[PDB]
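Below, in structure tokens: the form solved without the ligand, a single chain.
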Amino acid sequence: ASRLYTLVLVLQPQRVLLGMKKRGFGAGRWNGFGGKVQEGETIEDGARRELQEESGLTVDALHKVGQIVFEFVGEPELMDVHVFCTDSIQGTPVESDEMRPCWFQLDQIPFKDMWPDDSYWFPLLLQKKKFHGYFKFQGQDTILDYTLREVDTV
């Protein structure tokens, strides 16, 4: 029992784009852009759609960089998050109802105001290493179990 999600990181040589989530799941934290994959679209199409809805941006190419499975205690569906990155974006990022975008220098990523799991796998993202992760949460703050490894194929 798992549900497909996307997460998109716009990662340029010296900065990364994050969005401050304004409502809904994860509100009040910076994150990549993404959301649920809909019936009738591929995972990559859903990632492009969420990037556009949340930031106005389109992209030439998205690259698979990771998969993260989340368990939330008491919730029946695992969240199967497909993580993508891109360097070349099209457009200037703009605020949506869901997200307020901002660029961050790579040594100034705001981990204290991000989901606690990002501290663990962001180093792999920045190192351009593909990964599989699993995080079990009690509520929104406490990681109870986790696993993280590098993989050759996402």
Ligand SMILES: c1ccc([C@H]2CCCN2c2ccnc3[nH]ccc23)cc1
The other form holds:
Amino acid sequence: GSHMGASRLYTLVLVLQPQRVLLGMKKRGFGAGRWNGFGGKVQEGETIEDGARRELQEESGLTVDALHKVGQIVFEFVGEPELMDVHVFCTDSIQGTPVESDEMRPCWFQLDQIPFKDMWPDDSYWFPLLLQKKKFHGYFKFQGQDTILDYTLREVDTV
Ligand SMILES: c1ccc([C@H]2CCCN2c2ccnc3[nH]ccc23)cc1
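How about the form solved in complex with the ligand, since we already have the form solved without the ligand?
After this comes the whole thing, all chains and molecules, with the earlier chain placed first.
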């Protein structure tokens, strides 16, 4: 449903090949210490997909042929005025070999060895839908970094 208030655009890119997925260990700032897809804030003057590519390149060195819209997640953090509006993409057309950046240390994971205990707890809900090639809309309300207070999740035809 609707979540009122100013939101800030973010991207999240999952490089998902047939038997493995690329994740990055976040090395600094909010969420350091957890594995996640590549992304960050969308800037003034670039499209959401541009920002997704830019972030993947800054964080892993990779470029891709194509990105595919797979989901949208809204995050609320208790006490934080701004909502996070996260646009999730997937790709299987990487150009290059991933390398470590200031922000992220990339590693490949087998699809049955996804490190959910060292990921954001919301990923346990929506990551399986990405693996199943289902498009989704999610909402998660957090108290701090560990506790989901409320959430919604459904599949969509249009991201
Ligand atoms: C793009 C890249 C990284 C993030 C991380 C760090 C800031 C906050 N953040 C999250 C918060 C909550 N769930 C989440 N699931 C994956 C990420 C995530 C967000 C967008």
